[PDB]
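This document opens with one chain alone, in structure tokens, the form solved without this ligand.
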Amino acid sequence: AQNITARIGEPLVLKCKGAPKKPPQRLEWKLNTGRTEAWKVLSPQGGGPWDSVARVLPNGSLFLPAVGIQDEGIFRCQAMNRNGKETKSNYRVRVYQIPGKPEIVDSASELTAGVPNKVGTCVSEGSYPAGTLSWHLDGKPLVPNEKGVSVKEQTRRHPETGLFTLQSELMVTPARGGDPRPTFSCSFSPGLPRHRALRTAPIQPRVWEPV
């Protein structure tokens, strides 16, 4: 199966290998997606509630005006070149959506060395697939369970759009005598490398010493 990646809302055309450029053609598309209850067979004439979703073009290609999450799955075309030459097409379709730029909320103006502190919470909205948030300290990545560094993550899917909202709360135990002016930042990294990572504005808290 050939892997196809389309952006949500964008149109998609799937070629039918070995199909006559002009009608009439002996072919049938059969797809298994989030819209299909099982395997759905689409004929060149079509006809139904599928015409506004997935339509076979005069040249035999499968056309989707605007792909969505529900359209992820397998697309297969069995065409008949005049005779009895037969050609198969196998497509695995995955879709994606870029979230808005990640924001940091509830950030600490100051924090105290030697004890756990709540640095801030990173929030990313409107992404598909979910993806991951990652915190950075002065450029270098922070790793949980190591030196008082911990995160409180949660992923949430919108009931209608199916898009994801990410939340990452960072907690650090700053070393006494460490950097009094550290720089933190949160980055969003998508599932597939369809785009570059998105990074928050930096937060620059003060590190005070305990009495």
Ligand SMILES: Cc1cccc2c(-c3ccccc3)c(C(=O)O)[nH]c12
Given for the second form:
4 protein chains.
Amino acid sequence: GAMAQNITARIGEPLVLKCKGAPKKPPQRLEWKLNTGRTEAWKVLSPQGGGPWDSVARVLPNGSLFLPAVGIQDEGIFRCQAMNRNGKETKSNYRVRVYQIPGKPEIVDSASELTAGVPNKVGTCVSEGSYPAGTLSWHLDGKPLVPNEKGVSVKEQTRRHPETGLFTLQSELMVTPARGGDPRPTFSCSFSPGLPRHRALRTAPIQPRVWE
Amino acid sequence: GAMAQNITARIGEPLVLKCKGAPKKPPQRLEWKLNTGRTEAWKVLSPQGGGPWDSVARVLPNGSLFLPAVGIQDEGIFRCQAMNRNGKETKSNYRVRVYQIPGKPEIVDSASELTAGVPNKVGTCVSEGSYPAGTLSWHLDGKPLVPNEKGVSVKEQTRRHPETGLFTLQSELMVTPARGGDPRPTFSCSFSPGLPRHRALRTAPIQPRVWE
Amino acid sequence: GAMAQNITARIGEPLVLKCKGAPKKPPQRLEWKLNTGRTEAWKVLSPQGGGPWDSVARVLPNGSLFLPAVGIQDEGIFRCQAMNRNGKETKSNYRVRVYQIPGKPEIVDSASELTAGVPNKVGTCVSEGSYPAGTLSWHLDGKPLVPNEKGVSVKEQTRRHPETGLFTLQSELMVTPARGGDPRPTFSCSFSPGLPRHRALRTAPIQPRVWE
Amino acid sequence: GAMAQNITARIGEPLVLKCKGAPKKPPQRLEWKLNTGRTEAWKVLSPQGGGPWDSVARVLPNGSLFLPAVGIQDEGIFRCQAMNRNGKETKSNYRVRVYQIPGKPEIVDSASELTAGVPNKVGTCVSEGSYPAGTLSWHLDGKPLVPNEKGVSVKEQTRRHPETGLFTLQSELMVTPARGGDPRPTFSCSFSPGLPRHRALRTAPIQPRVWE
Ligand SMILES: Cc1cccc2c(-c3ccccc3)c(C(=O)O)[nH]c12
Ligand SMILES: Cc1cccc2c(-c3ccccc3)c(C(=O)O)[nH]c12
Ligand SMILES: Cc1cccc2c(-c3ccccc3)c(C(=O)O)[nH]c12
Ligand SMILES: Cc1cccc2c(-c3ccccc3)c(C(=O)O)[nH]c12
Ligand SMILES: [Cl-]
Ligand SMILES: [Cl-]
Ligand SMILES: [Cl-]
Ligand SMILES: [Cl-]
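Moving from the form solved without this ligand to the form solved in complex with this ligand:
Full assembly next; the chain just shown is listed first.
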């Protein structure tokens, strides 16, 4: 596509997008065009408005576009073209990505005892309510656990809420502690969001006993 | 995929799917699996139910699956496996396609007079509220008009309702009447549904005057 | 989207799209924009060309866009804007849908004998190589058979060729002939294409014997 | 979906998936089912093989599934069910995600001089050939630069190669240096892959002069 300003909008919150170069107040020669999950290709929106789109996105007095409550289907491209009172045309191009932050992740069915030298289920980490899905990862004494490493096995599951579309993730960790290891290792699980610069969320740690 | 019974479900109406081979009343060893626009791959539903799926699809006492009001996102595959009291396992496989019937199509901005030998806009046909989109087509005195045949030009547009997802179609017909033709031709437009065996809907005819 | 000329392009064949209002020969101030399965939103193509797109779609000397061999991923929207030598700007807007015609459909595993009053497998109809998928339907003595009617059952299956993406459809018909019916009914199966105004393809008929 | 082992497969490389619990050599009672970008819902593959799938994925003598060169369309779910010689059934469930590593990112059109207190284009970072798209981000003297923080503006662009589907990303950085800042700041850009645990790639730094 073209060069755009990246916008991240939290699901359920309002979004205002500026129409650069629009006069401060009506009358304004400007048009918004959007291509999102709601549209078939481009939809044009104008300051006059009208119709079912008035429930979803409306042009404000200063020419900005306003969505009262962003949904998953509002992901897409939003563009404005405006003429100021001198006749200069200015374009605005936005790429809108939407997100939701899950609840704090939790470890369920954690083991209190592990046996060295054999596979053990350590626990299941669960995160509910993310968009985009994001990922779960396990840590041992502050270091990432890698499933490709020997003695670590992970299985993962993704589900969607049938009404909101938000993701629930589940990650089951199994480990084979090596003979002579730490008898009280500390495990935790982290949720890493799908979008850049969003912070990870971490579970409370667990500390099983390992039997030699 | 596998062999399935095809099911067409009107948006907004309930749907009941039979679990073949299930005992008539509980207790029943049966499981439903669905893969639809609501799910990430397969979701399992059981007679006990529970959780947010209880608002969307529930297993009934006789083991059938019930959706109180089908939506676009319920398109997909629905499967049951049941054991009867004899121990025999029976599988049911359904492919569910959803639809909505638009309002009767209308011709707007129809021309009252055409001039022979030059291009004329005849009118614009509009259909609102279909799923899947379907198509619009023009007829002249009961015969289909085919674009790219000489003297016929059509342009078409598709939009979606931002909240319901249903389609609005628009079709603009232009013709070049051939000299010596009928001075009072009769045009109409028809909506053809996307699914098989659904009936076409037709507009009232228009009858412009052609000037030689 | 906007009003467009609908274009149907057969997979594997060339496609030429006219840039209306472009000068007959270079130099030309014109630009093509396309949004297809190949692109992330709009891609701009110019008479100079260059790069990997030169293998897929190139602007010709008269300004038309040329694709030597259309694929499934070329479905989408193609637009031109040109200035003629007088300074007038002209826009062209095309909605391109692609298709492939399957081989003639065939009935396999047809029954030679049916028993009245009980369910019988009549046969399986198969169509290979369509795009979009299209549908199969059964006919009895020239009349459509409807699965919603008593004594008719149909199951259907869709597969895709892993390399070409073209669809293979299969339809299995079962019937319960009513006591006292025709002892030599004639069945056939028809493939109905997904796009409008494309012709159906029909199998050779079968003529089982029915036992009272 | 169900619990699965997550598998990451580099585009263009072979992939082997183990059928757990299968006998070491034929004969084997086992079946693979796949649902990927190539399939309509599930496709069953068997040790005998045959047909066009033999060019894409084949069952090996030990029952493993083999793809000689993974493509984007092989993303999806791969499952095996096998019986050993004892009669025990074992299931294997894999979620396959595909990727490609882009070339090292580069900064083009970097500025040699910036002026304090006014917006300046610093440069454009470009990464070619990734899957999934991934993201570009700017750093100043080793610290992430965050847009929407005062004096930082970023615009971004995504394109796809028309034949391979791989992504090219472009990111243009503008900054307003604050008066009294470092006259020789050091900027760099990093590519962050879409999949977890894949390493970032970084450009060579640039060091413009800032004029007070
Ligand atoms: C590349 C690019 C960036 C920002 C805005 C636009 C517009 C536009 C948007 C709203 C109204 C009129 C034109 C167009 C077009 O449609 O030509 N291209 C754009
Ligand atoms: C090919 C086919 C047709 C109909 C039902 C199923 C089921 C199933 C559905 C619900 C519960 C348990 C199994 C499965 C499977 O998952 O093996 N395959 C099926
Ligand atoms: C609604 C509509 C129909 C046909 C062409 C265009 C173009 C365009 C196409 C190629 C080059 C420059 C502009 C645009 C735009 O981008 O504004 N809108 C269009
Ligand atoms: C939940 C789950 C995990 C792993 C494999 C399967 C299979 C399967 C796969 C290949 C062949 C036969 C059955 C099925 C099914 O289809 O019932 N469910 C599975
Ligand atoms: Cl789900
Ligand atoms: Cl729309
Ligand atoms: Cl398939
Ligand atoms: Cl692109």
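Numbering follows the first chain given and starts at 1. What we label the rigid core is the largest C-alpha set whose atoms superpose within 1.5 Å from one form to the other.
Remark: with the core as the superposition reference, the CA shift of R194 between these two forms reaches 2 Å or more.
In the rigid-core superposition between these two forms, residue position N83 carries a C-alpha shift of 5.4 Å.
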